[PDB]
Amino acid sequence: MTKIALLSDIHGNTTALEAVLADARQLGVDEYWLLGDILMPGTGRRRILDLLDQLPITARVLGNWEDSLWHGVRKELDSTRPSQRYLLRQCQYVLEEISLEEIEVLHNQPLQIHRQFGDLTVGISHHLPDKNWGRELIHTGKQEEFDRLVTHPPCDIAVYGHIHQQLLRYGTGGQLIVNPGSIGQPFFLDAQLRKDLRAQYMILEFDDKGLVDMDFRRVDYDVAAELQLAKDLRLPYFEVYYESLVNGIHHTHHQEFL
């Protein structure tokens, strides 16, 4: 069998990623799939690329924040929107440690990929197969949008990230649709669930008979340490970051994730 960790929406959250990788290592994970949104608005730059480099990452797709980073260091962002001025500052922060060539590598990733496990075809994308941004696939998204994940082209299981919520539901034709949630910026609309902001990821396990396990995991990490790191590093918008990690609130005029 093959045990796969889905890593999504790290968003530069160094301590959360380190904790998730420690959890996956102890589970004997065989490979990693990277669903995108790797850097920003969190602390990690070189550290995150270094940590990912040590992994057997066998599948990687492009997140909207990779496009944002690329346009951001090319000064191609719309200055008139408050969220884009926030983003510009996060891009400058990243550029301090990450080279333009490395950002080119981040940008040059496919939107959608496919992998085969026996009888099963798995589709993989950050959001929609042809569109890594937007609100189409949120918790209340239209069924016809979900169906885009698993038809034209077809697959039996689709995995996506982007919305920062864990998920297991279906295409109209019964195809599985799963989401690991977010390692670094987990999102909850429910106030009681929002009290627990541990990292989200998931494990897929395939064997000779098919998909044997879908484990939606939560991983504790030292939030105090991540926040102290953000101070020490002069991370822009410390209070926005604090809010995201401690109270789980995100903002249209800051992150504008969706």
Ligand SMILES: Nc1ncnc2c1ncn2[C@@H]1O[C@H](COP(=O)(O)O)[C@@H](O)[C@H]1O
Second form
2 protein chains.
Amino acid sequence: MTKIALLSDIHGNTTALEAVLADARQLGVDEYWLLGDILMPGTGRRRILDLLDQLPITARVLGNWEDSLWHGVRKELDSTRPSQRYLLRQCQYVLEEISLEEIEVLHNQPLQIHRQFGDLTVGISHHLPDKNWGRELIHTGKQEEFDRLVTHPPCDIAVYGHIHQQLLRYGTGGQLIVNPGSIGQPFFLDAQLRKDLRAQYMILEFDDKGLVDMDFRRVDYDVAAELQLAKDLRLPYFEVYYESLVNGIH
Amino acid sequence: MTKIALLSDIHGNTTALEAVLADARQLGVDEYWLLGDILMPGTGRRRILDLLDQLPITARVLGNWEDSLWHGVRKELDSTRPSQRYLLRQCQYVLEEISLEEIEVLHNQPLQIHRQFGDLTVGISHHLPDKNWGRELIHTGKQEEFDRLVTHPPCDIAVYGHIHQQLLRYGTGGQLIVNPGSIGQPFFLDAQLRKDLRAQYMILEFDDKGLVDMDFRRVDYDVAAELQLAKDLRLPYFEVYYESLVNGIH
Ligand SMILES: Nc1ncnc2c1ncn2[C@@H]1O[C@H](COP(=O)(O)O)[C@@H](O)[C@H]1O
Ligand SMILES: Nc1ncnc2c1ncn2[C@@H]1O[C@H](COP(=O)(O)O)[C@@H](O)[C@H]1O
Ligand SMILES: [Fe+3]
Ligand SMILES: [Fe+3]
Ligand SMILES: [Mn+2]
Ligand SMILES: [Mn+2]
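Structure of the form deposited with adenosine monophosphate bound, please, following the form deposited without adenosine monophosphate?
What follows is the entire complex, opening with the chain shown before.
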């Protein structure tokens, strides 16, 4: 048996990540897959990289926020655009602790990879195989777009992140498509589900017979402590971070 | 915490049910929801109703195969169709151990029910809220149809069965939609996934903060023993049953 924790869309949420990593340790997870969006707009910098360095990471792919950080530290952002001004300040926050060499490692990652478990081929990407940004694979996405995860090249099970929602659905040909949701910025369109903003992740378990378990988990973490950490570290756009962690509005 | 086991699409598969029930009991499950398609075309008759009698079943909805059984024993099936002569023979088999009065109880079940857990309303149905048969909610079903599970009347989380596939997706408004899959007749369109025909069910765990876990489980059972039982009982259409359990073709 191999027990795999899918970690995605941490977004610098130090407290959520630590709680998810402790939950996974308790469950006796054997390996970790990192789907990307590691840093920003949350508190975590050095502490996030150190926690991941302690992990048996057997699969890793590039999120769009790794590209955004890369552009930011290379002075390609224009603050006259509100969205870039926001990103730039986040990059500046990150640059207080994280070097350019470490950012280079964060950026030097494949868009898509594959792993094999007996008869089963698993595809892994942040979003689309060739495109780690966009809205193609949202909850109401076209079947055509979802089929891209599992064909050309084929797999039996695709795992992705990016949409910040937990998911188990299918390619046209019956291939599994799974999403662990977001560790640091869980996303709900439903206002009742939104009252619960615990960290999201998932466990896959493979054994000699095939895929034996898909566990979509929620992990409690100390929100008040994360926000106190944001204040103390002078995290930019406190009120935006606050609203996403407390009210789940983005 | 309340830990709920969703049991769907048993289809008379005695050995698969016994295995799922032992897995559930080991997990400390607090209650069981029965999504329908209890009997036929598998082996279990009295044994299935006995096993379900020993459980804390807090929710139960009508499956289309319950309707079929009721119409079958009342000679209301269409003899001009091959599929319905197959069905009639399954009904006659069931009738050997099960009384007309029990079939009436099986048939007198609601199509859809609702349960509340704190802030969350859970909708429960075999297929569609007002239609327990057809192909509307297959893996590639139209979003308009899925939205019927979660609106008019509204709920935050709909659970259904009928398609014999595990599912976690969303209504247009972000409402959860889940499917435990089939205990007795797991259905795969993907050949590699089809190599593993373990029983499917799922666990929902609710706590003080909301839905904390969605665990989509596979349960190993002794297929050889179930097929030997089918022979010993003179189950009709042994070769169809064999195909369904060994090769996964329906
Ligand atoms: N269906 C959707 N409608 C609107 N926004 C969405 C949807 N799905 C995901 N998002 C947003 O996209 C964000 C994740 O993208 P990223 O910027 O790559 O972290 C989520 O946190 C949401 O705010
Ligand atoms: N996407 C699909 N394409 C073809 N057949 C399906 C699909 N989804 C479910 N089914 C069939 O419908 C059956 C369940 O319906 P029921 O007759 O109510 O047990 C499954 O055993 C499958 O054989
Ligand atoms: Fe993200
Ligand atoms: Fe069924
Ligand atoms: Mn992303
Ligand atoms: Mn059915």
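Each form is matched to the other, and the largest set of C-alpha atoms that superpose within 1.5 Å is called the rigid core. Residue numbers count along the first chain shown, from 1.
Taking the core as reference between the two forms, the lone member of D78, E104, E144, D119 whose Cα moves by 2 Å or more is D78. When the rigid core is fitted, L17 shows a C-alpha shift of 0.1 Å between the two forms.
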